[PDB]
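A single chain, nothing else alongside it, follows as structure tokens in the form solved without the partner chain.
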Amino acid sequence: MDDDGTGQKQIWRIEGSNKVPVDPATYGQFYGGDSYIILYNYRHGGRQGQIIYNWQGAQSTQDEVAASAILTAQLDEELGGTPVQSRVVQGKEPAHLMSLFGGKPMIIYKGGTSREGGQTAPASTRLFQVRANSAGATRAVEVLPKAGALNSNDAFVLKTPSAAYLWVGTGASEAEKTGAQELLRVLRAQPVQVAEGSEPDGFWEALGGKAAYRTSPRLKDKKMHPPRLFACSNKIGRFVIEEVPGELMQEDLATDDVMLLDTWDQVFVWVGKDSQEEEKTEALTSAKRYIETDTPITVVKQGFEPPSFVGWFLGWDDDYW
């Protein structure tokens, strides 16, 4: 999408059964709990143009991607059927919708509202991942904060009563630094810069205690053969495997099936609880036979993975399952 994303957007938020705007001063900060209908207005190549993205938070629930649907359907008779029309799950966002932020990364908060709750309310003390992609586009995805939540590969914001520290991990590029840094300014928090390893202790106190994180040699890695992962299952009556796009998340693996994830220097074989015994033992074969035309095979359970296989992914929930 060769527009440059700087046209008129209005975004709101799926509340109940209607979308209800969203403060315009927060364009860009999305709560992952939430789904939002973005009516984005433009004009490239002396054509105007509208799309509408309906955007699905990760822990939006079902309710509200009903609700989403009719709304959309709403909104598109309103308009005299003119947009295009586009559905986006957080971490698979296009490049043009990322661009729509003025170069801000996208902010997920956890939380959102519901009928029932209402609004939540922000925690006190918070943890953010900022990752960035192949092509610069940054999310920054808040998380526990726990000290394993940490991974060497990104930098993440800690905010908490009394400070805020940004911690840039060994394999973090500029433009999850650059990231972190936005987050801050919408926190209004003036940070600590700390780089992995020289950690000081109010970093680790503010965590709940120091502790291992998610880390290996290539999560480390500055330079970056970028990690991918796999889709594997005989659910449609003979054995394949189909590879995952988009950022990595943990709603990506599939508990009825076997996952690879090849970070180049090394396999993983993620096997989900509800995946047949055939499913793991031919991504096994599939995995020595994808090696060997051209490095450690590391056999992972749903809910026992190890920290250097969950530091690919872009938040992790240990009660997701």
Given for the second form:
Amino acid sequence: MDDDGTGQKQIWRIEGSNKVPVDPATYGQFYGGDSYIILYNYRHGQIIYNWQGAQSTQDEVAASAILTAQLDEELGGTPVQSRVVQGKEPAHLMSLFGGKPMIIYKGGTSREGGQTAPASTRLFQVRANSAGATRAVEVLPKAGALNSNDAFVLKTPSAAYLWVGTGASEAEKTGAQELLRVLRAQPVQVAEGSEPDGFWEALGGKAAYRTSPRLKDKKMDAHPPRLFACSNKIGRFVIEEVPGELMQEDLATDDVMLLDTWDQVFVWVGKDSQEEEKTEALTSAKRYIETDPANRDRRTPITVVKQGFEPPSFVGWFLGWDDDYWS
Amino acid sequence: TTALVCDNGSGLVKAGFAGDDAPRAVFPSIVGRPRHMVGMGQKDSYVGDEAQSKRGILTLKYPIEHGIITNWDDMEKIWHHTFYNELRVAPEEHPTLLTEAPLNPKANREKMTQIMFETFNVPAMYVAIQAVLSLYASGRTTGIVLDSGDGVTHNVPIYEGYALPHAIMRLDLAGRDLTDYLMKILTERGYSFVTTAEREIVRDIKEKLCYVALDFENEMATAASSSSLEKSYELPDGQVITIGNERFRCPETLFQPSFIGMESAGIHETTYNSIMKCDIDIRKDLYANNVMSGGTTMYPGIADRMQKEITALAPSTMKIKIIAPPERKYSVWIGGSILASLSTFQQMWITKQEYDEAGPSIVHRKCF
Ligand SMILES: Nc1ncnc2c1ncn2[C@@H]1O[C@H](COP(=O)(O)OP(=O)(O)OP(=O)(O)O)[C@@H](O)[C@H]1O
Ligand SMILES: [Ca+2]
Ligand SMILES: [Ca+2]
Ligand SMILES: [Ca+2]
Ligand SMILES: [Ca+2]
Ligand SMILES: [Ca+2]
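If the structure you just shared is the form solved without the partner chain, then what does the corresponding form solved in complex with the partner chain look like?
All chains and molecules follow, beginning with the one already shown.
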């Protein structure tokens, strides 16, 4: 099976000890700190997506998995279950919104604290991938959080803007607006490298963000960056490509990562990694090149970054980072 | 109205209240009894911690062997003590969730249900499949679970929340076995552990210094070439003994049951065997969702090893993933707690009214 997404769908959101419905007019939006269940009827059986937000607790996740099964049972167990974790949504689940972007807010109902309060002034990193799939992830309203390769939205009850990075693509331009409407306010369409003095004020700080000649290249949609996991945990060195969208989670604290942005290759060493792992990663990074489609630009720099000390030119490739994460 | 959750293991009883993140009470599934006067009010039976700390006037018995209840009278002792001594509640006042082993015989489920209703007069009850709970605990409803504890090891294929009985594998080698074996080898080493009181010493040496080698033969070699693998363990009398290669030889048993006289294959083969018993369709999902659970899956290194071995049995391409929750000593209990806290359970319960009308049988249609 696989259709538009234009079909009829029902979305729930495991709150405390119950799967409570989600206002149909906000279907698109989700709280990255909770778990949802969504029933979708194709356009020809059904399928249930158990979407587990990145910051949702075990009690929720566990709950959300049980209710997904119980729902499947209740409907005669004909529908298909599909567990998806934040950031790794399948193309289809991603289309259940007529083309609107998938918005993901900070927080959610930590049942023993209830629904958290929006903000006071917030920012979103709006990124999309090859197939146009777009995401708007809420991030801390800091200058250091911007990425020349995406479009951001800065709502600040005082004001509000729609910053658009050099390399930002249409999809992100579009979805950037959709997010503005969705929750309310008119921008101040500002492009990168020519921004007002009061945009920098919303962020309250100075700037110096995530940027690099590759990040600023709007032709990335040719050689997309790729993340590799390099581990020798099984007794031989092996490299696995990291599917889905590059997220801070994807970095194996246990091993050595390869972030090949074509014009350069970051070798990311996990804190608890192994020297032999780093070595072979390098040996390989240096060999991925040379076997070069000569499309392989001259002598690409190989750079080494240690866990917890990654530079902006590296972090700007991960959908929503979190300085405090491995701590 | 809070519900009780009970995971009766072969060697441990984890019990508590639904909603809590952890058992409130964990204690040996043992019931003692005079080995044939004492004071006054001579106790016909002591249980758990208390039946251990002593042991001199006893036999020490195990109501559950290899995941299955076999001594029901003594099992009731366990359930009472759980109810009235550890949890400190009265059974008639709380719905109760019990756990069971993968292929628990239809006769056992009934007895279990009968006892809970006719002997403890509970309001309502339910029985879950251990491995399945551990899977829920991780947020999955599909994948193959490895549940190795104190008396048994199970390979349990789960797809969309339901275990696949034709594909389950039972291996009667686990916790206790490995402990006892560790006594044998240590004894051959020169030190002497034979006594039951000493059985417990060894158990701690097992949970603190054993590990699974990535490559048993290399480790064997290294252990024999230097002394880099050796560890010092201070006994209670102060004597310090050094356990070396026996650190990994012990749980090496898992992968080579051959080491304790068993004919069976290793936990990696049974896993493969099991996966291959399931539809060719869901086998990918299975390989990506190896969820470990149980005390015996806590050995440092078993996860990776488990990955190595299966990677060599599975087809060249398969993506292998081994999930190893830190909390895995209590997956079963946790998941059960969470499952019983859900508002949807209220309806799933077996009420006493229902039991009075239908009788024990009801457990087969109500639980599943
Ligand atoms: N760190 C550890 N390492 C190795 N084994 C451990 C560790 N901690 C606990 N165990 C073992 O786990 C077993 C008890 O855990 P568990 O709750 O799985 O027992 P159980 O559920 O009664 O066993 P089963 O489910 O087979 O009936 C014991 O044999 C204990 O030695
Ligand atoms: Ca189904
Ligand atoms: Ca939450
Ligand atoms: Ca972009
Ligand atoms: Ca490693
Ligand atoms: Ca158990």
